[PDB]
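Peer 1: The residues making up each chain are set out below.
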Amino acid sequence: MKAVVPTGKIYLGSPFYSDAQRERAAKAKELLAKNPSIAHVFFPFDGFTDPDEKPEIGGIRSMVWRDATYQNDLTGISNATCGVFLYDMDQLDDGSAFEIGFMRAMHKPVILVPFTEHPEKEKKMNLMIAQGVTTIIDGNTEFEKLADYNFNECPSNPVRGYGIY
Amino acid sequence: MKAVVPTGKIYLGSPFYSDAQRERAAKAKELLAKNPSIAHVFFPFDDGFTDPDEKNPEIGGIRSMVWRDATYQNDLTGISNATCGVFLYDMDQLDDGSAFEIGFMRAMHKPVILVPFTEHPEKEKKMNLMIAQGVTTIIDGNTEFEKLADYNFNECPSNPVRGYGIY
Amino acid sequence: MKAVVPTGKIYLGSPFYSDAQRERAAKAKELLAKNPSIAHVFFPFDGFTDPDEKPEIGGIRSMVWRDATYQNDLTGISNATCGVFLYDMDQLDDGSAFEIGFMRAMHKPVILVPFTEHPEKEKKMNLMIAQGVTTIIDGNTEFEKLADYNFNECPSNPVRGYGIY
Amino acid sequence: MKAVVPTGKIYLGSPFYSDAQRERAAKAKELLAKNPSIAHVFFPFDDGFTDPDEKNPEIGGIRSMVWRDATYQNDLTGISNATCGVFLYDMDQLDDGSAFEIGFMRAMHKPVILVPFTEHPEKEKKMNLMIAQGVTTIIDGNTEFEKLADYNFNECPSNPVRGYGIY
Amino acid sequence: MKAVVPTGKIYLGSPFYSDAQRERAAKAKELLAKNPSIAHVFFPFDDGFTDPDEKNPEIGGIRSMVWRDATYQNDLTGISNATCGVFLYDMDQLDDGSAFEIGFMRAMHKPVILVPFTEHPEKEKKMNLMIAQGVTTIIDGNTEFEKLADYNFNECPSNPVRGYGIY
Amino acid sequence: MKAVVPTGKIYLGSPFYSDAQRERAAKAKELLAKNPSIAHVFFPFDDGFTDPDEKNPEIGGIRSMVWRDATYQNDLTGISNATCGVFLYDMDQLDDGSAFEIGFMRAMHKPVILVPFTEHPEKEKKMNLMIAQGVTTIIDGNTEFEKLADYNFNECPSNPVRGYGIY
Ligand SMILES: Nc1ncnc2[nH]cnc12
Ligand SMILES: Nc1ncnc2[nH]cnc12
Ligand SMILES: Nc1ncnc2[nH]cnc12
Ligand SMILES: Nc1ncnc2[nH]cnc12
Ligand SMILES: Nc1ncnc2[nH]cnc12
Ligand SMILES: Nc1ncnc2[nH]cnc12
Ligand SMILES: *[C@H]1O[C@H](CO)[C@@H](O)[C@@H]1F
Ligand SMILES: *[C@H]1O[C@H](CO)[C@@H](O)[C@@H]1F
Ligand SMILES: *[C@H]1O[C@H](CO)[C@@H](O)[C@@H]1F
Ligand SMILES: *[C@H]1O[C@H](CO)[C@@H](O)[C@@H]1F
Ligand SMILES: *[C@H]1O[C@H](CO)[C@@H](O)[C@@H]1F
Ligand SMILES: *[C@H]1O[C@H](CO)[C@@H](O)[C@@H]1F
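From first to last, the protein sequence lines stand for chains A, B, C, D, E and F.
Residues in the first sequence are numbered consecutively from 1, following the numbering used here.
Residues in the second sequence are numbered consecutively from 1, following the numbering used here.
Residues in the third sequence are numbered consecutively from 1, following the numbering used here.
Residues in the fourth sequence are numbered consecutively from 1, following the numbering used here.
Residues in the fifth sequence are numbered consecutively from 1, following the numbering used here.
Residues in the sixth sequence are numbered consecutively from 1, following the numbering used here.
None of these hints come from the bench; they were simulated from the model.
Keep in mind that a hint or two might mislead.
Unchecked claim - Keeping only pairs whose Cα atoms sit at most 20 angstroms apart, straight-line, the calculated EDC-like set for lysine to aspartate or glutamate is:
#, chain 1, residue 1, chain 2, residue 2
1, C, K121, E, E58
2, C, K2, B, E54
3, B, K147, D, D47
4, C, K123, E, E58
5, E, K125, C, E56
6, E, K147, F, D92
7, F, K125, F, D92
Starting from the given sequences, assemble the full structure and let the hints guide the process.
Peer 2: What follows is the structure, given as structure tokens:
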């Protein structure tokens, strides 16, 4: 069980469209950087440059940039042994959801790290995410556990306490 | 081309939480039924699983692990059996269940038709890169919904997503 | 939901090493032949002939026969949309177990049809089979349900009442 | 056993660059059309995608990324939809497209029928190990081409490659 | 060859119900620990999952669906993370869990080393075709057990099963 | 981001039939050995299996089924173990083994680096669509061969094929 060399290769999936999201991503990187079971961490937003493209975020992008970037995202999933998703429960990110579905189809373990700023709302979650994810670590209450989780074995921890959408 | 018998097995993916979404799903069923290239259409919300041990089932409540396991598997089984995915994609209230399913289907190399809908046609046209590039064929829900009745599901012709801003 | 044409393509996995096993296989074929949701049924024991092989069952077989037969078994799994396994709980068949594991890795649904002649023994089952299988139909008490099960949708039915090995 | 309906869905892989190559493809379609076990035959060069933004497309020159994606994806969609691959393999002018497709299909555990063709029936028989071991069934194109009309695509019986020198 | 750092990630599959089996697993761990090509060894019976809701856990009894789900997933996660499978295969009391795992690994195209053991060396040498052909490398548990300490897990050299009757 | 240990495991795919081909492979090994991001490089022609029953094996002639299986499987095991494929692609003499391997890897969603080589740098640049769209990164062998020594195999940045006519 004890690793001769770190084998955990993380695909850190996450939205990067707001300040809070960019902040959670920043913290996750630091926490994972402290985990002795990790060999490498891949963060998709850390980019391809199409020479022909004369381009703004949210604007029309060249097909070549799209292909290269999309492949870069899939390549990270292929190289990775585990997925860690900073899941925004308030503003659902279909990019992250697609990626979680993609990883599970490849039989790779997925750590869901849900974040919410509206604790008032009843804890609900889509069935596919609740049953697709292999391990859940609460981002609001247990974020720091990422620094100690054993990514060499990726022990399961089924989602519970959440009502199904 | 020129199928002896219909070979299209559709996984009709869609959210089913609001009236507008349910209406789309109902209409999609009608249109697909008129397509001669289709052999079967699987809609995940049709038949559910019943856990005899589950006391008083609350739609939206906790729910037993047995029911969860069975239902989740039914949704994957539909993908496994299907030759193609057809998603009634809500662009106003993103459905992560739907997105998980699109990613799962593409990892299995199955073609995916995206039928996006919006109640606000005037708003900015933007799509997540994973959906814009993952999907193999797009058919606008708002203006080309009817094409589902004639689209050739025996071959599933590609039609890359274009005209959408990417973030 | 209602199929325009039958789409159920069955991989009928089963041992074929005893009289009881050969009998259960015979009955399953007849039952499935009555199910209107089935397009085709594949039974691996229905064979390749290596011209060079000068051969008896259980004896040393040529590598060419092995490859051809093994591939024939995998090809049936590939063509199939669903697996139906006449699972002998008394004399475990690793061939069938391998095949169940293979099918689930391909995300295909698996119907377990367990048979036992020793009801006395506590109902036990290996975790991998209990959790790997998607639907369970008791062969001793519900064998006939194969003639009516909807293989167009393959509805789930989790294994229960079995103690884990 | 006996199929209630034809279930074989063929991915007819083949180069389409010489007259001899296109003649074989034409003949292959005819033979398969006569096979009772076939539900559908997909030939990659049949349809084709048209890119509206592609001004004066030159077949053999630079193609738009959109056309490349749509076309490549159509080629993979056929593999996904198919239950078995049938390759009109030109042993004289190796086609990497066909070889890529054979490997892709095998990674998916799908059976692959190799139908080798040579304009020099008397020359030494040699085949790359990947092709020779990757394919699940061989039907010689020079002498057994006609067998495509009777081969049981509902079950796809093996038949390992033998008689070819391995390099 | 010539790895900069060890890359072998072993999924040590094995039954763990009898004393003889447990002894084999313990010895296998020792031998693998001496192999410089190994980076990690995962043994499914090492750390288990604890369902706080599960009252009095009875090893062999019913058991909660939550514990079942978690444990089953732990066993698949080990396969996913692993680069190679190493199965201490009991030839006297066949373990279907082990067999399921070998089939799962081969469907993912991962190499599998079979280390068969028997308490009756004089009995007929017979193996199920799926195991004999599915496995990529065989190392006899009874006479070559020690090889696990020197086998190159960075490359996993093939060694087809031979000398076993097939049924 | 920065890797704590090298994580790139390369499947160095390549034909090995001409002097020029073997010279490139030799150079490729040297360049990769200098790359800090590489943990291991697998070259299919390095080891090799020996069949005891194979009397006087002729490299190029008929090989035993046992040798064929062991060797083919070693070639697939390298792909399974690898995180990325690097192909010394001979643009003059197409190699179906390499093409099969490229397709197989892509079906597995693994990145593929194409390193094309031509003895005629001035001739028309044309590539099969499957190869041109299948590969995720291109590094010209004639002018950028040296980049293999610095390319980041821990992350494998894309770089779509462009500039080649598609057929
Ligand atoms: N890597 C990436 N994934 C998704 N959207 C993006 N936008 C910019 N870079 C991106
Ligand atoms: N089939 C289904 N899939 C996902 N969530 C559901 N909720 C109720 N039925 C469902
Ligand atoms: N198809 C088959 N599968 C397994 N063992 C066999 N023995 C003979 N035919 C067989
Ligand atoms: N389907 C196809 N595959 C490969 N090259 C092509 N050129 C035109 N159509 C093609
Ligand atoms: N890890 C495990 N896998 C399978 N069965 C088990 N029973 C107890 N622990 C187990
Ligand atoms: N590894 C290998 N792959 C293909 N052909 C070969 N001939 C000898 N070794 C070989
Ligand atoms: C793809 O999906 C998300 C963004 O929506 C990222 O995790 C990854 F790049
Ligand atoms: C899983 O995703 C959606 C619900 O969110 C359905 O299509 C399918 F059941
Ligand atoms: C492979 O496994 C069993 C025999 O042990 C059959 O189901 C199939 F042929
Ligand atoms: C892809 O490869 C060949 C042509 O090179 C076709 O079979 C298919 F379109
Ligand atoms: C699953 O199979 C066996 C137990 O039967 C273990 O190796 C693994 F946990
Ligand atoms: C299989 O294909 C080529 C040789 O044809 C090698 O890369 C690998 F061994």
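Peer 1: For a C-alpha distance cap of 20 angstroms, please report whether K121 (chain C) and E58 (chain E) respect it.
Peer 2: 17 angstroms, holds
Peer 1: Straight-line Cα separation of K2 (chain C) and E54 (chain B) no greater than 20 angstroms?
Peer 2: Not OK: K2 (chain C) and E54 (chain B) at ~28 angstroms, beyond 20 angstroms, violated.
Peer 1: So if I understand the rule, the pair passes when the alpha-carbon distance is 20 angstroms or less; does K147 (chain E) with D92 (chain F) pass?
Peer 2: Given pair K147 (chain E), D92 (chain F) is violated - Cα atoms ~44 angstroms apart, limit 20 angstroms.
Peer 1: Take a quick look at whether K125 (chain F) and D92 (chain F) sit within 20 angstroms of each other, Cα to Cα.
Peer 2: 11 angstroms, holds
Peer 1: Run the distance test for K147 (chain B) versus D47 (chain D): straight-line Cα separation, threshold 20 angstroms.
Peer 2: It holds: about 18 angstroms lies between the C-alpha atoms, which stays within 20 angstroms.
Peer 1: Would the pair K125 (chain E) and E56 (chain C) pass a check requiring their Cα atoms to be no farther apart than 20 angstroms?
Peer 2: OK: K125 (chain E) and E56 (chain C) at ~14 angstroms, within 20 angstroms.
Peer 1: Is the Cα-Cα distance between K123 (chain C) and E58 (chain E) 20 angstroms or less?
Peer 2: 14 angstroms, holds
Comparing the model with each numbered hint stated earlier shows that hints 2 and 6 do not hold.
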